[PDB]
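Q: Now for the letters of each chain:
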Amino acid sequence: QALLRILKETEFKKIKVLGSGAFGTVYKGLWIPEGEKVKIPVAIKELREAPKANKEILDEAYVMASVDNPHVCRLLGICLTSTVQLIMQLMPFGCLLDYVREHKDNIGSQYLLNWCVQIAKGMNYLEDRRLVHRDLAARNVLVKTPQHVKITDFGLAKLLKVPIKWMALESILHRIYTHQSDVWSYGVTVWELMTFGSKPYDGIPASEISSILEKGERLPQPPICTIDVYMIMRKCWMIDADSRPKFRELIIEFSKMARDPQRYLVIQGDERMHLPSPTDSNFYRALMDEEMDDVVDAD
Amino acid sequence: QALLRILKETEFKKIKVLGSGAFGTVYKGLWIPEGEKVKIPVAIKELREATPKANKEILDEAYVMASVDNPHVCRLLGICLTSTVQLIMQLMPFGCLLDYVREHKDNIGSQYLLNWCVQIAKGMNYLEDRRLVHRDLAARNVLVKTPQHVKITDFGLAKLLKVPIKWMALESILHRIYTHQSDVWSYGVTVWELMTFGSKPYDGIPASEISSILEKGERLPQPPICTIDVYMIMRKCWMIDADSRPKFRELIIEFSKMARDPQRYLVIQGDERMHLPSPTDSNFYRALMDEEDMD
Ligand SMILES: Nc1ncnc2c1ncn2[C@@H]1O[C@H](COP(=O)(O)OP(=O)(O)NP(=O)(O)O)[C@@H](O)[C@H]1O
Ligand SMILES: Nc1ncnc2c1ncn2[C@@H]1O[C@H](COP(=O)(O)OP(=O)(O)NP(=O)(O)O)[C@@H](O)[C@H]1O
Ligand SMILES: [Mg+2]
Ligand SMILES: [Mg+2]
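Taken in order, these protein sequences are the chains called A and D.
Quick note on numbering: the first sequence equals residues 701 to 750, 753 to 862, 875 to 1005, 1007 to 1014 in the deposited numbering.
Quick note on numbering: the second sequence equals residues 701 to 751, 753 to 862, 875 to 1008 in the deposited numbering.
Fair warning: there could be bad hints in the mix.
List of simulated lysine to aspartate or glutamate pairs, EDC-like, C-alpha gap at most 16 Å [what the hints assert, rightly or not]: (1) D:737 to A:800; (2) D:708 to A:994; (3) A:739 to D:1003; (4) D:739 to A:1003; (5) A:806 to D:736; (6) A:737 to D:804; (7) D:737 to A:736; (8) D:806 to A:736; (9) A:737 to D:800; (10) A:708 to D:994.
No lab work stands behind these hints, which were simulated from the structure alone.
Given these sequences and hints, build the entire structure.
A: In structure tokens form, the structure reads like this:
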């Protein structure tokens, strides 16, 4: 229980709504430690309801509180008095989807491929712990710093707007959720990144997706992607789940590609869009990211 | 070196005054990374007296200040060189340990007090290892990162430039001699400040007369909560002969020993209840505020 702090409603306040999704509402909030005069910013996710006893939710939460990996967001605290309110670290940069749309004119290959590496690393860790995400998407990758992203919202789908356009075929047709169906979503997430945040299958209703998948139709090749990168996405969307890549294979392949990033993505002005200098990296870490490094560098 | 970031004045803004000291104003500020929309809270120390040529010498010392790497010493992160030199460091919303002990007066337990003494000694020992003399150690110059993790600040500022007479070793008052052993003296005063929950040292005695009473052998008095064993360490910090003062490495051992049996060495009313930090509350503080290597 040492990893999950139980909060009294009297020691935190919700300030502003940050967003809403299939599972609840995320607020920017404050934590006021008892006996202290500081207000510490936190993120608070207030859950919709689905129903289940407080003890069973607490059991679920201890598992979410126990993930230990630089690319997965850990549940920090919980309040079960009224609604279910989860407390986690506030990520001022927001989610990676909004970030890639915001900076579509300034994202280099080194950033894009290193994000693919980090997302695969967080997902491989989840597979190690036998935790199926069920809702991996670019909106559920949080930006700690532009050089450090983290998967969030895993297993909320367990504890309780169905993301049809990210689900593997077997998940749509038969509600089968495995680590290999997470690999399908990972492939859509990579597609979101490489298109700088396009909406997948835009204009196609969700009810049609299973049918266009069965006809063999897939998301198109992003204009910056060489075939090498596009083949990885295709493999994530094979009908046979065991034929799809493994998260650990994805880590290796994207890490390789990150060592020669301009050979695998075609970006105008890429030469001027490198990872930060050592000076700027040291400054970011000291202010926002004291916890991993391991960014893969060119050459 | 890559450990000091040179900032552009357009990159940050001042949003609140936090206090002032002998060398400048400390502000709460906001850092806006270029081309981002986020506002990242920082602390800024604007120095007093407008500086040019000096700026080379300031930088050379800034690079040293930016090279300190220890969980109990604050590292300079960046610098802005305008008509006023502006230093950028991590913001510490709890503030300094002096105000902290005052506001929680007679509500702090012995385990905290003794652990702060260890941590400060570890930080000063690291500086002595680096051959760096602080010159202005005092409880006001220890910041609280979390109640479990304190850090020495303002290393290097004094050299970078009213004298804190009541924290200074006698030889520093008389001869402007500053060594690691004079830092030991100031450490003893800092500890006395903590153990008295933030009392002013030599209250009622003018600063110009401190050196006379020190030479007569007068010293700060024994705090009510301190047993003989704790007070003797403090007294040994204030020996006239600098080389018979404790070394910071010995202070680490002695305070580490006492912090394993805190109630034997500090006698505080209500120590039974106080509040030590559960693993649960400790993990929560670290995840929100303190992800660095130790405390
Ligand atoms: N810890 C956090 N810090 C900062 N922003 C966050 C945090 N968690 C979530 N957000 C933002 O708040 C929004 C709301 O999240 P959420 O309610 O999970 O919806 P979603 O993730 O966008 N879609 P869904 O997949 O249906 O949950 C997210 O899109 C994030 O951009
Ligand atoms: N990084 C920081 N975060 C938060 N508060 C800080 C920080 N650095 C300094 N302060 C506070 O800012 C105020 C001014 O500090 P400062 O100018 O250093 O004067 P001082 O520490 O009180 N005396 P002195 O340092 O000997 O000149 C004090 O209340 C400090 O606690
Ligand atoms: Mg979400
Ligand atoms: Mg100071």
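Q: Determine for every hint whether it applies to the structure shown.
A: For each hint, the structure was consulted:
{"no.": "1", "hint": "D:737 to A:800", "in the structure": "holds (12 Å)"}
{"no.": "2", "hint": "D:708 to A:994", "in the structure": "holds (13 Å)"}
{"no.": "3", "hint": "A:739 to D:1003", "in the structure": "holds (15 Å)"}
{"no.": "4", "hint": "D:739 to A:1003", "in the structure": "holds (15 Å)"}
{"no.": "5", "hint": "A:806 to D:736", "in the structure": "holds (13 Å)"}
{"no.": "6", "hint": "A:737 to D:804", "in the structure": "holds (10 Å)"}
{"no.": "7", "hint": "D:737 to A:736", "in the structure": "violated (30 Å)"}
{"no.": "8", "hint": "D:806 to A:736", "in the structure": "holds (13 Å)"}
{"no.": "9", "hint": "A:737 to D:800", "in the structure": "holds (12 Å)"}
{"no.": "10", "hint": "A:708 to D:994", "in the structure": "holds (13 Å)"}
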